[PDB]
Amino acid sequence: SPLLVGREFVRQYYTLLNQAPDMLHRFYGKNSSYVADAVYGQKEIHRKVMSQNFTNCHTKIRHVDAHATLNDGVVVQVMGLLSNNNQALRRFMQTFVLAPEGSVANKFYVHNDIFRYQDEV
């Protein structure tokens, strides 16, 4: 189901951001966009993730919406709080587009990942 795919991915994503952000790049493909200008593909997305120096990253997910979208994809909207380097929690919204990976059944990859802190808006 789209909500199970969505909520399970969100759990995996923010857990990996805390445990091993150097492995976050495994979610993305050649044409993935990570968003400030967008960076594309695993190599550049990995470099951008590493440049953000994620350390002891704590997350409180307040709500997840996930719906079936174009070409068997899943669109996910996350609302929550994120802390980095033991600084205060900051509210954010995050939009993901999950797309079928195309070579393994029920496997998805992250086609779009758009994050914005609400205090910066």
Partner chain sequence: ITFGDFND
The other form holds:
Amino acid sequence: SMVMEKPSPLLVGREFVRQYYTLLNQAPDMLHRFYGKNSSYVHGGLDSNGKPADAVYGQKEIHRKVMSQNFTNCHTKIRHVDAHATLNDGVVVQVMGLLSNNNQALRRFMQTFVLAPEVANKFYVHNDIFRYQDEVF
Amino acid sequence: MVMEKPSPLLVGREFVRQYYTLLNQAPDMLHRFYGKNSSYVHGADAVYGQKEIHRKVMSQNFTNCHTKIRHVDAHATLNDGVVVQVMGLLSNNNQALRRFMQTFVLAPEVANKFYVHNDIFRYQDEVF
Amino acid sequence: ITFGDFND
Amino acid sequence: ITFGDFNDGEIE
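Next up, the form deposited with the partner chain bound in place of the form deposited without the partner chain?
First the chain shown before, then all remaining chains and molecules of the complex.
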């Protein structure tokens, strides 16, 4: 009945970051459905020789690396979200905040997204770069 | 004479090096990295294109910028553009180093020549 | 409001 | 690589 103005890249971005981190609290074994194929993904961590882990691609290899990080009661605090229009119909969403897994303590992180169109007015995750500070500093 | 192939993490890592080396050598030319309809978001709101970016970079009186880059992440994105996330430290005017995040989206212009289309930057200090 | 596979 | 607006050489 009422028609309202479409959301702005800044509004689209904060509303994705809102939807994302609450799902990861409620049910992280669905979090892969924000991604399409060709979707970059690293979520922190180190490897064998101490260096920062590398990325995984595609909706299915994400669902694997997402569940080995066994999320449990992820309590999360976004301090800052910044988002702007990009190449094509996309949005880049720098994110900064505090994530807490397994009742372990709060750790600061630095995140970038790229949200991309697919209906054509729906947004999926084409890249997702996440890094904790204490593993890089 | 000798021929190879290229890489996103390499382009991304290459670009960074140069971004933050010209950032110290000549910030007054940092703008030439960007094209039309590019976003410069430094800290706060955005500014657009060659001329305004040049004026914002001026106003922040970058003088003797030193950087320690701790981790560069790069991945191909939409246009066969590249998205880069950097983490590390910047100092200015011989002050003390401040932890910073910076997000670039690089986009192709010409053969093999990238230009910066989105540039978000923030410090740890005034976020958490 | 909705992203990815999800159905409003 | 070359970036943006710069002639190879003055980049570094």
